[PDB]
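S.K.: Residue strings, one per chain:
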Amino acid sequence: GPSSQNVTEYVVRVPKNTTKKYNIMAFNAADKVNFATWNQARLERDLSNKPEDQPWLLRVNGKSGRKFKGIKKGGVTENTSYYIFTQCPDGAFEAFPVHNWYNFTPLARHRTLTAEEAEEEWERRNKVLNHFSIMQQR
Amino acid sequence: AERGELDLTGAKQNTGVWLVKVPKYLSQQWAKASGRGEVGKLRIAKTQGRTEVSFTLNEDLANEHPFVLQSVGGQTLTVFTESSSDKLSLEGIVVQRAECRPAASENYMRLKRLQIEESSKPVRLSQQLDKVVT
Amino acid sequence: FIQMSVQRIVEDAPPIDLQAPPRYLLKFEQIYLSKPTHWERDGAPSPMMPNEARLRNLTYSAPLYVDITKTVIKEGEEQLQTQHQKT
Amino acid sequence: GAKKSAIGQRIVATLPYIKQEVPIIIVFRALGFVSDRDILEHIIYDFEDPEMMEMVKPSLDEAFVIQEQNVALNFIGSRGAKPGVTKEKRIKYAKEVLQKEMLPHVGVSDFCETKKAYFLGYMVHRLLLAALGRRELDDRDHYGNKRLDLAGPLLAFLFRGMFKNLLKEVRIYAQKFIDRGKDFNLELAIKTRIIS
Amino acid sequence: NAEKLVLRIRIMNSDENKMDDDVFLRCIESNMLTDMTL
Amino acid sequence: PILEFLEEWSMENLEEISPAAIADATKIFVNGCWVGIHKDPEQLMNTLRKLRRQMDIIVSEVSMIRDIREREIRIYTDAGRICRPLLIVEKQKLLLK
Amino acid sequence: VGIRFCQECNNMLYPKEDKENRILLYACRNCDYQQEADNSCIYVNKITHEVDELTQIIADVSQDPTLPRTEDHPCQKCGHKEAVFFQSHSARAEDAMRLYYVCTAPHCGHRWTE
Ligand SMILES: [Zn+2]
Ligand SMILES: [Zn+2]
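Here the protein sequences line up with chains R, U, S, Y, B, D and G, keeping their order. Numbered per the authors' numbering, the first sequence spans residues 5 to 54, 93 to 180. Numbered per the authors' numbering, the second sequence spans residues 2 to 64, 80 to 150. Numbered per the authors' numbering, the third sequence spans residues 50 to 69, 81 to 147. Residue numbers for the fourth sequence follow the authors' numbering, beginning at 246 and rising by one. Numbered per the authors' numbering, the fifth sequence spans residues 1251 to 1267, 1278 to 1298. Residue numbers for the sixth sequence follow the authors' numbering, beginning at 540 and rising by one. Residue numbers for the seventh sequence follow the authors' numbering, beginning at 12 and rising by one.
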């Protein structure tokens, strides 16, 4: 059929400026990220340092859902550029430079041992019993 | 609905986009005018059991760019944008990755050498001074 | 070392920031070297030949100069930038 | 020991400007990799190798208590040569130590933690191969592991120490005059005998 | 007679009837490998 | 110049890769810094060797080492490396004529 | 031997026993998560460790010009006469003199030992 030999060619457009900047969001394969349950999400700068030069914090479904932290790619693309092609009704490809690259990883939520609590366990770090029980006591 | 809410509509539509790695000279030429609305045409040719992607530089822009696809199963990529009006949205999900390579091999290095020399202009070196400073 | 390392060392040095409140900055940019010179008792410079250094027990050394740019801010919406060439 | 020989052999790291070494996994926690899979992905590149996975088990147990990046940073800061007065300052000190002092050749930028984790994992990966006998130990006598400091690099070593003194000296000279209220003469601030 | 020589070991019944039922075997296994003398 | 050329060729940066890809690929080291990974080490070494011999981007004193068993390519550009000139042999023949 | 990671926080799963059912369970720490173990072996170490070197051998070594090449041991997979032979030369063996052969034909990384 036509698909066996289909040839497609589209025009490429590079607008001088866009109101919204384009950046890449990367998720590790092992994360098994699924957007079906992403009913609501929140993306904002971190408050630990306390703006444009700080990491990005991503929250999904409020506190109940998973939380991800994005970090700007340290390696700069001085000799490289990245472009994204998006389908449009006019049928011409549009390329937007990647303003930033962000790597997001899930953050586990639970009663993580505090800094003060970790001090007590440091005494038994060399010799500890029933690693499971340590969390139960906490 | 709030300022920090993310418009995840693009994810719902499962829109697919392509991530392309291109050299600076190709983008530099685009950055030269960057306002004519046209820089070239992307041609994709498919056969019975093989697909090839190539890009052609505009004749006016100049005054062949074969494309190689890459597997995207090892990492999941998504594209999002931040609006100047504080309205973040997700453009779509990356479905394929491609890279651009130079058709020429010998004379292409000549252009790279000029860039390396050009980037060497800020590299300041000590200067011999004929007469002692008085 | 002379052509690259010395210049890189001077360039890589952080600018000197001083606060009084007037603020002072010193930035070193360009490094110059003159030919090995010897200064007589009267203070007249002259090129130093290696044999003369050997005979007169001198050190075969070349003067080193650096271009220093000084910028001063006195919280009066005025900035004065004075450069001392070949310091 | 009863439990000493059960976990096995654990890996520690001796980072600069820290009096005592720290568990290896803690350094990964400080760099921003919390989950075990994320840390092990930087150390073991082939999960199908059971031999490599066992070698890191004792290291994971040692740093089991520390489960957050901030907790790990505080642990690193607590052992710093200059312990912080408060917990917040300890984290800042630990961040600075890893940012610049740890594997500086990998990077010093604020966003180089990922690159430093890969190389640090490579250092661990190289250690495991030596422990597993898969790779031969490096030879100190092998002359491709050596470098020769010629006149240039030797002189460049002196110049930075002597140039730092020059810049320190002008700072001290200028500070006296600035505090006095009078501007300072740049020519007089420079002590030429320092380099000569 | 079997080509493979085997020796199955289990903890006493009285204790079964405090440290850990699983880790203790590793401590025994490591202890018996080196400390024990045949 | 080495890093710029490597990025141009089919070398993936460490940041932009998943760890699952590092198993098959060969690590690329430049002055001891793990720059990235490459899927065709043999072709890269041929290209790297060609550039050095033509003195295009790679200077003569740059040493490229491929550890085939360890799946690592080490490129060294720093000072202090002791080297000697050796005649290149191709197909059991001297390129010197 | 199999190493399992938690599906919630991607942390290590350690063996655990449920007295209610008396079945091995891999329970995540600090995650109140449990999984049904199937291997039934939680720990195994081989002191002799007769691990095959062919698995460790990498087919790319056939491109090494410093390795000797023999035409007297043709590849079984493809019949290529040329082969590159070497010794493991890896610690923990205590006797490393046998030769492992790797086919030199491109795309055929067949490895064998005589
Ligand atoms: Zn878990
Ligand atoms: Zn074969």
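Keep in mind the hints are simulated off the structure, nothing from the lab. One should not assume that every hint holds.
[Unchecked claim] Pairs of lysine-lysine, DSSO-like flavour, derived with a Cα cap of 30 angstroms:
1) 30/G to 249/Y
2) 137/U to 87/S
3) 47/U to 24/R
4) 88/G to 249/Y
5) 137/U to 20/R
6) 1278/B to 88/G
7) 409/Y to 421/Y
8) 249/Y to 54/R
9) 248/Y to 345/Y
10) 332/Y to 111/R
11) 42/U to 20/R
12) 134/S to 137/U
13) 87/S to 249/Y
14) 25/R to 147/U
15) 109/R to 332/Y
16) 30/G to 169/R
17) 332/Y to 87/S
18) 105/R to 332/Y
19) 128/U to 20/R
20) 589/D to 128/U
21) 340/Y to 105/R
22) 114/R to 13/U
23) 95/S to 137/U
24) 27/G to 36/R
25) 421/Y to 54/R
26) 578/D to 30/G
27) 114/R to 409/Y
28) 24/R to 137/U
29) 147/U to 134/S
30) 24/R to 147/U
31) 578/D to 137/U
32) 337/Y to 147/U
[To be verified] Output of the computed footprint for chain D on chain Y, the stretches with three or more beta carbons under 8 angstroms from beta carbons of chain D:
33) 247-255
34) 355-364
35) 393-400
Note that beta-carbon positions come from the ideal geometry of N, C-alpha and C, so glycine has one too.
S.K.: The structure should be examined with respect to each hint, and the outcome stated for every one.
M.R.: Consistency of the hints with the structure:
1. 30/G to 249/Y: Holds: residue 30/G and residue 249/Y sit about 28 angstroms apart, inside 30 angstroms.
2. 137/U to 87/S: 19 angstroms, holds
3. 47/U to 24/R: 34 angstroms, violated
4. 88/G to 249/Y: With a Cα-Cα distance of about 48 angstroms, the restraint between residue 88/G and residue 249/Y is violated, given a limit of 30 angstroms.
5. 137/U to 20/R: Cα-Cα ~28 angstroms, so holds.
6. 1278/B to 88/G: 57 angstroms, violated
7. 409/Y to 421/Y: Distance ~19 angstroms between residue 409/Y and residue 421/Y Cα, so the pair holds.
8. 249/Y to 54/R: Since the Cα atoms of residue 249/Y and residue 54/R sit roughly 42 angstroms apart, the hinted pair is violated (cutoff 30 angstroms).
9. 248/Y to 345/Y: This hinted pair is violated, its Cα atoms lying about 37 angstroms apart.
10. 332/Y to 111/R: 23 angstroms, holds
11. 42/U to 20/R: Measuring from Cα to Cα gives roughly 18 angstroms; hence the hint holds.
12. 134/S to 137/U: 34 angstroms, violated
13. 87/S to 249/Y: With a Cα-Cα distance of about 57 angstroms, the restraint between residue 87/S and residue 249/Y is violated, given a limit of 30 angstroms.
14. 25/R to 147/U: 55 angstroms, violated
15. 109/R to 332/Y: 25 angstroms, holds
16. 30/G to 169/R: Between residue 30/G and residue 169/R the Cα gap is close to 26 angstroms, so the pair holds against 30 angstroms.
17. 332/Y to 87/S: 37 angstroms, violated
18. 105/R to 332/Y: Given that 30 angstroms is the threshold and the Cα spacing comes to 26 angstroms, the pair holds.
19. 128/U to 20/R: 26 angstroms, holds
20. 589/D to 128/U: Since the Cα atoms of residue 589/D and residue 128/U sit roughly 16 angstroms apart, the hinted pair holds (cutoff 30 angstroms).
21. 340/Y to 105/R: With a Cα-Cα distance of about 27 angstroms, the restraint between residue 340/Y and residue 105/R holds, given a limit of 30 angstroms.
22. 114/R to 13/U: Holds, because 26 angstroms separates the two Cα atoms, which is no more than 30 angstroms.
23. 95/S to 137/U: Satisfied, since the Cα-Cα distance of roughly 25 angstroms is no more than 30 angstroms.
24. 27/G to 36/R: Given that 30 angstroms is the threshold and the Cα spacing comes to 26 angstroms, the pair holds.
25. 421/Y to 54/R: Judged against 30 angstroms, a Cα distance of about 35 angstroms means the pair is violated.
26. 578/D to 30/G: Violated - the C-alpha atoms of residue 30/G and residue 578/D are around 50 angstroms apart, more than 30 angstroms.
27. 114/R to 409/Y: Not OK: residue 114/R and residue 409/Y at ~33 angstroms, beyond 30 angstroms, violated.
28. 24/R to 137/U: Roughly 34 angstroms between the alpha carbons, so the hint for residue 24/R and residue 137/U is violated.
29. 147/U to 134/S: 38 angstroms, violated
30. 24/R to 147/U: 57 angstroms, violated
31. 578/D to 137/U: With Cα atoms ~34 angstroms apart, residue 578/D and residue 137/U exceed 30 angstroms; violated.
32. 337/Y to 147/U: 51 angstroms, violated
33. 247-255: violated (count 0)
34. 355-364: holds (count 4)
35. 393-400: holds (count 5)
The structure shown violates the earlier hints numbered 3, 4, 6, 8, 9, 12, 13, 14, 17, 25, 26, 27, 28, 29, 30, 31, 32 and 33.
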